[PDB]
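Single chain ahead, written as structure tokens, the form solved without the ligand.
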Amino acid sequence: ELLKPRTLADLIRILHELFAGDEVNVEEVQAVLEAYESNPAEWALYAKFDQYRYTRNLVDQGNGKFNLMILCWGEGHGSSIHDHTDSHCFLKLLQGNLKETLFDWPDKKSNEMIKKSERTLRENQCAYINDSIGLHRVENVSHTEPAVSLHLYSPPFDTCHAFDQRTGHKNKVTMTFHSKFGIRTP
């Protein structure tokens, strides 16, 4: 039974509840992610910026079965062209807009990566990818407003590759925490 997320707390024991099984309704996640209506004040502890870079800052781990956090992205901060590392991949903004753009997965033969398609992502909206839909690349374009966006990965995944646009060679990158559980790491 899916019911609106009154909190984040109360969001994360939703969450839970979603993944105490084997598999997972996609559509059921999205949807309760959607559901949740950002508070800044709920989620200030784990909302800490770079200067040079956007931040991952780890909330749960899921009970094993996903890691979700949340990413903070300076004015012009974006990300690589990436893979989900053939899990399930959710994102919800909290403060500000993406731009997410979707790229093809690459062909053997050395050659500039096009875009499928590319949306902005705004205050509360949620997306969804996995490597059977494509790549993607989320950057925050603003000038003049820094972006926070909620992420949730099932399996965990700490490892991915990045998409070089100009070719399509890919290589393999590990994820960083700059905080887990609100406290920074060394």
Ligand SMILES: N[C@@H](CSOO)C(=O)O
Second form
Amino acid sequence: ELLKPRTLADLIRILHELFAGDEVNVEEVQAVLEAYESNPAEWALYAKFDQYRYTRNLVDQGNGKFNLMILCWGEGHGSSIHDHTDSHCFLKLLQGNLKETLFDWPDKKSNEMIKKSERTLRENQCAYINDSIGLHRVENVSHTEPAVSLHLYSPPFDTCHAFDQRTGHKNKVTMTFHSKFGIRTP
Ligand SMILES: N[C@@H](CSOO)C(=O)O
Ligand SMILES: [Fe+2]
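Okay, that's the form solved without the ligand, but what's the structure of the form solved in complex with the ligand?
First the chain shown before, then all remaining chains and molecules of the complex.
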């Protein structure tokens, strides 16, 4: 039975229940994420920005079935085109706006990766991606407003691939946490 999360802490509690088993009800998880009304005081601890690129800040380790993290995107900061390592990946905006651009998996032949579509993700909205849907790039295109998002990945993963937009060629990248549980982890 899905109830509205009252706070971030409550959201976390609910996620532990939703991931208590071996499978994932994606629509239920997306609904609970969307229903949490972003309260900046509750996540300020995790919102650690870097001037030069976006940061990944671990919030909860999900007793193994998922990682929950907060990403902080300076003006103009964005990601590579990337996959999600056979995991579910949910992305809920906590502050600002992000542009998500979707791409198809490249063919083995070198070619420009053309965007299949794009959308603007707005405050409190929760998006979902997985490898079966495709690849994406996420960017804060604002010149004036930092963005903050909440991401949930299941199973957790710390490697993915970045794709070169001109060729489709991929490279394996290891993701790192800028902080964990509010603590900077250089
Ligand atoms: N997958 C990217 C963020 S865009 O993913 O919802 C990352 O975790 O760094
Ligand atoms: Fe992503």
